[PDB]
Amino acid sequence: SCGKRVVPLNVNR
Amino acid sequence: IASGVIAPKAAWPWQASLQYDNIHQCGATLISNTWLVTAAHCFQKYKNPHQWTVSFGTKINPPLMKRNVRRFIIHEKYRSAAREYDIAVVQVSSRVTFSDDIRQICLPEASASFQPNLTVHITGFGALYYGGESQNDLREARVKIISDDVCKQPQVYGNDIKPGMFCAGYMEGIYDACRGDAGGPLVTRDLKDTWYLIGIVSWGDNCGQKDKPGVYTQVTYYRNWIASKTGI
Ligand SMILES: *[C@@H]1O[C@H](CO)[C@@H](O)[C@H](O)[C@H]1NC(C)=O
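Note that the protein sequences, when read in sequence, are chains X and Z. Position in the first sequence counted from 1, then plus 173, gives you full-length UniProt numbering. Position in the second sequence counted from 1, then plus 186, gives you full-length UniProt numbering.
Okay, chain X solo, but in the shape it has when bound:
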């Protein structure tokens, strides 16, 4: 794997 992030782009407010 390459280019995977484990934290979302869609963040809690």
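Simulated from the structure, these hints should not be mistaken for laboratory data. Possibly wrong hints are sitting among the right ones.
[What the hints assert, rightly or not] Below 16 Å or equal to it, Euclidean Cα-Cα: the simulated EDC-like pairs (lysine to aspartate or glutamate) are: (1) Z:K398 / Z:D335; (2) Z:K195 / Z:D287; (3) X:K177 / Z:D286; (4) Z:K396 / Z:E358; (5) X:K177 / Z:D379; (6) Z:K245 / Z:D323; (7) X:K177 / Z:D287; (8) Z:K398 / Z:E358; (9) Z:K338 / Z:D397; (10) X:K177 / Z:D376; (11) Z:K348 / Z:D335; (12) Z:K233 / Z:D207.
Following the hints, complete the assembly by docking chain Z with the ligand onto the known chain X.
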């Protein structure tokens, strides 16, 4: 990053800091367990591989998996007096181990295309405004790719935009790369949730000013170079 927001833990795990004598000079980004990609102008003055170090994560001053530079390779055609060919690679003397915080990014195939109103991200521990100081905390910004035609206006940058360069930011400014961000990543995510290296922070007039976006080295243009030098 101009008007840059603090990046979360593990948001950009390919992001790296390049230090010369333990001072931050430049960003890089991971492509293998040993190799990173950055700019050639980072080694304009500081030419000793052995005084460069690399660290990861969201934070310089408490450093993550700091590593020693085995060597660096600058583009044959780069010349400190000009802005073209601004790319380099960096190999670390000890392989690093991939965590949630530290992972390799993908590189695009040499002929990938990126529609020029595309939303892209940009990150670095550089300055928050022109002439400001580097931060110990990694920052991000959402900018947009910009047409070469727009960019090559004489009002904007004109004939200084050469092959292997592209622009990204906003014509209204505000969000931009700044000093300390060079060699660091400009990325996008495909619809399969996979991130890709499109640009390398290179240059620009001031930071975050109307009609002065960042200029990036175009990875796809240097994609074969990178391969010849890294086997990635
Ligand atoms: C994309 O957004 C810009 C905003 O400055 C707009 O001017 C432009 O017309 C849009 N698309 C293109 C590239 O024509």
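Hint-by-hint comparison with the structure:
no.	hint	result
1	Z:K398 / Z:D335	holds, 14 Å
2	Z:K195 / Z:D287	holds, 7 Å
3	X:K177 / Z:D286	holds, 9 Å
4	Z:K396 / Z:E358	holds, 5 Å
5	X:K177 / Z:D379	holds, 7 Å
6	Z:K245 / Z:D323	holds, 5 Å
7	X:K177 / Z:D287	holds, 11 Å
8	Z:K398 / Z:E358	holds, 9 Å
9	Z:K338 / Z:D397	holds, 11 Å
10	X:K177 / Z:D376	holds, 11 Å
11	Z:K348 / Z:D335	holds, 12 Å
12	Z:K233 / Z:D207	holds, 12 Å
Of the numbered hints listed earlier, not one is contradicted by the structure.
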